[PDB]
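Presented below, as structure tokens, is a lone chain in the form deposited in one PDB entry.
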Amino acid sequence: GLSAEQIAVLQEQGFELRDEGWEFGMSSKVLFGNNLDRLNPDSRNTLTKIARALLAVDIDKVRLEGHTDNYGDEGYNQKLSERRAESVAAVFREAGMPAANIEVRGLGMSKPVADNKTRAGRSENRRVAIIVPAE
């Protein structure tokens, strides 16, 4: 389980404890914009600070999951979700996180957090999740 100086850091960064562990989503929109899986460089820093802060307190084990809405090919949403997840993973590596400690899952359309019949609904399902397991 996580130590008190860690949990606090997680809380500070915007993490919320859920069933699979501590979770913090960012929208694809903010993360990539018009790109497919290239991060615009502002989101890169945002993702660097985050990773640096976590490693600072010996959190060094994260899972990254990316989802899409249901619009589009089913096969493509899987790849995209996985590639987009990996894009973020590469920023964690480049900051000091043991690659063996990073897990990457493409979850495609299958796992939404909103009704997929709204511009703010569908744009909410387009996201990448940062997960520290509470193990």
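Here the rigid core means the biggest group of C-alpha atoms that line up within 1.5 Å when the two forms are laid on top of each other. Positions refer to the first chain, counted from 1. Only residues modelled in both forms are compared. Compared with the form deposited in another entry:
- Just one of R38, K79, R93, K49 moves its Cα by 2 Å or more between the two forms on a rigid core overlay, and this residue is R38.
- Legend: core-fitted overlay between the two forms; highlighted is 25 to 38, the single run of at least 3 consecutive residues with CA shifts of 2 angstroms or more.
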Second form
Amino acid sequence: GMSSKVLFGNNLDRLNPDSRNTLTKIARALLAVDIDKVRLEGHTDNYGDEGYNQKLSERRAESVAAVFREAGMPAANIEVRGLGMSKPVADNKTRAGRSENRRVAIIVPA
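Having gone through the form deposited in one PDB entry, I am curious about the other one (the form deposited in another entry); can you provide its structure?
Partners and other molecules omitted; one chain follows.
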């Protein structure tokens, strides 16, 4: 369940109930131990153009941000960033790699 990486289907930007429940637990844990800040970075595969992917990455990051806000984390303490297709961690040549690029990274910055 719990992971810093949240995955999405091809061209999708929402969260199913299992994902939302997992993310609520992460959010509530961070709230409980009085963490200052969470940074949510949205990402895409490189299919489609820069702008298309930029906006998709923003929608993904916002979906995750909303779960943190609903759990009680103030918006002022959440940094939401879409990086589009620019910072892959896996191989866009393959389905498996593209799948691992379709993500939000949950970060607790120092």
